[PDB]
Amino acid sequence: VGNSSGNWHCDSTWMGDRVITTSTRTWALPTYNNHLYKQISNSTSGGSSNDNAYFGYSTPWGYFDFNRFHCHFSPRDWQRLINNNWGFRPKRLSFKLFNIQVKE
Amino acid sequence: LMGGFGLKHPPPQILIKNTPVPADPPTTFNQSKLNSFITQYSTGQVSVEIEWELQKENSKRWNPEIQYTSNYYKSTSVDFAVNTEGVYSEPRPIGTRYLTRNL
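If you read the protein sequences in the order shown, they are chains W and U.
Quick note: the first sequence uses the numbering used here, first residue 195, plus one each step.
Quick note: the second sequence uses the numbering used here, first residue -18, plus one each step.
Same shape as in the complex, but just chain W:
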């Protein structure tokens, strides 16, 4: 309660053959569907054609999405990667969630 869970790491490290890009952010999670799983379809979204027709479910869960290059690289880091390297690929990922507060 009176002690932080983690620190703010948000910088890249270049070790010649590899680069480690860390990126911390602050998030907010509301309560979705008022805690209910609701069945959704193209008819609930206001109907559609047959090409846009669907059937799925909404859930009360949120999800983290860091699947974009700008969440990891800064415009400068990206330029330092683009001008000097011929290829690149990801090797390992390390996700961490901390400093949680549940406001009411």
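To be clear, the hints were calculated from the coordinates, so they are not data collected in a lab.
All C-beta atoms, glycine included, are put in the ideal place defined by N, C-alpha and C.
Keep in mind that the hints are not guaranteed to be accurate.
[Stated by the list, open to error] Subject to a maximum C-alpha distance of 30 angstroms in a straight line, what follows is the list of computed DSS-like cross-link-like pairs (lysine-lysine): (1) W:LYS297 / W:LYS232; (2) U:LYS41 / W:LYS285; (3) U:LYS37 / U:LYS(-11); (4) W:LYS290 / U:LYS41; (5) U:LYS14 / U:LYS(-2); (6) U:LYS37 / W:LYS285.
[Said to hold, decoys possible] Here are some chain W residues the structure puts well away from chain U; computed CB gaps all over 12 angstroms: (7) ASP211; (8) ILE214; (9) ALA222; (10) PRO224; (11) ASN228; (12) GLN233; (13) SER237; (14) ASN244; (15) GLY250; (16) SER252; (17) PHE258; (18) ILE276; (19) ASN279; (20) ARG286; (21) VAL296; (22) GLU298.
[Claimed, not checked] Calculated Cβ distances over 10 angstroms to all of chain U for the following chain W residues: (23) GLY200; (24) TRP221; (25) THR253; (26) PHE263.
Based on the hints, put chain U in the right spot on chain W.
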């Protein structure tokens, strides 16, 4: 003042000449120095290897910097390349001050 590194003991001067080779001297002694020589010149290769120490850039800037780049537009001839006659030419003077740093 012209740029560069001021050195108290700079790379020494490598001096080189062709050793004289006299043409056929008289058959009777003449105290005068020989002024007739065999015309010659020398050729060959020369290598010069220099090791430079670098100081890598650790900029923590956010937006992109100013890099030196060959302009992407199409030209008649590539820059820093030989023309259609085999004559190499450097189109512009390139300096070093591209990357920025705080004061």
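Now for the hints, and whether the structure bears them out:
Simply put, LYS297 (chain W) and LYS232 (chain W) have alpha-carbon atoms about 25 angstroms apart, close enough for the 30 angstroms limit, and the pair holds. For the given pair, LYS41 (chain U) sits about 24 angstroms from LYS285 (chain W) by alpha-carbon distance, which is consistent with the 30 angstroms threshold. Pair hint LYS37 (chain U) plus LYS(-11) (chain U) holds up; C-alpha atoms about 27 angstroms apart against a cutoff of 30 angstroms. In summary, the hint linking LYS290 (chain W) to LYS41 (chain U) is supported, as the alpha carbons are separated by about 24 angstroms, within the 30 angstroms threshold.
Straight-line distance between C-alpha atoms of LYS14 (chain U) and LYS(-2) (chain U) comes to about 19 angstroms, which keeps the hinted pair within the 30 angstroms bound. At most 30 angstroms may separate the alpha-carbon atoms for a hinted pair to count; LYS37 (chain U) and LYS285 (chain W) meet this at roughly 25 angstroms. No beta-carbon of chain U is positioned within 12 angstroms of the beta-carbon of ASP211 (chain W); the least distance is around 14 angstroms. Every Cβ of chain U is farther than 12 angstroms from the Cβ of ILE214 (chain W); the closest lies at roughly 15 angstroms, confirming the non-interface assignment.
Separation of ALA222 (chain W) from chain U is adequate, the least Cβ-Cβ distance of about 24 angstroms exceeding the 12 angstroms criterion. At the 12 angstroms boundary, the C-beta of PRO224 (chain W) stays outside the reach of chain U, the nearest C-beta of that chain being 30 angstroms off. For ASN228 (chain W), the non-interface assignment is confirmed: its Cβ lies about 40 angstroms from the closest Cβ of chain U, beyond the 12 angstroms cut-off. Against chain U, the non-interface label of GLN233 (chain W) holds: every CB pair exceeds 12 angstroms, the least being about 45 angstroms.
In this structure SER237 (chain W) is separated from chain U by more than 12 angstroms, as the shortest Cβ-Cβ distance comes to about 47 angstroms. With 12 angstroms as the threshold on Cβ separation, the claim that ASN244 (chain W) sits away from chain U holds: the shortest Cβ distance comes to roughly 46 angstroms. Distance check for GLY250 (chain W) against chain U: the nearest CB is about 39 angstroms away, which clears 12 angstroms, and the non-interface claim stands. No beta-carbon of chain U is positioned within 12 angstroms of the beta-carbon of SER252 (chain W); the least distance is around 37 angstroms.
Non-interface call for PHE258 (chain W) relative to chain U: holds, since the shortest CB-CB distance, roughly 23 angstroms, exceeds 12 angstroms. With a cut of 12 angstroms on Cβ distances, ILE276 (chain W) falls inside the contact zone with chain U, its closest approach being about 9 angstroms. With a minimum CB-CB distance of about 14 angstroms to chain U, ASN279 (chain W) clears the 12 angstroms threshold, and the non-interface call stands. The beta carbon of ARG286 (chain W) sits about 24 angstroms from the closest Cβ of chain U, which is more than 12 angstroms, so the claim that it is off the interface holds.
Remark: the non-interface label on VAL296 (chain W) is consistent with the geometry, its nearest Cβ contact in chain U lying 33 angstroms away (cut-off 12 angstroms). Every Cβ of chain U is farther than 12 angstroms from the Cβ of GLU298 (chain W); the closest lies at roughly 37 angstroms, confirming the non-interface assignment. Distance check on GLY200 (chain W): its Cβ is at least 21 angstroms (rounded) from any Cβ of chain U, clearing the 10 angstroms threshold; non-interface status holds. Residue placement check: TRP221 (chain W) keeps its beta carbon more than 10 angstroms from all beta carbons of chain U (closest about 21 angstroms).
Taking the minimum C-beta to C-beta distance to chain U, about 37 angstroms, the non-interface status of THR253 (chain W) holds against the 10 angstroms cut. No beta-carbon of chain U is positioned within 10 angstroms of the beta-carbon of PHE263 (chain W); the least distance is around 14 angstroms.
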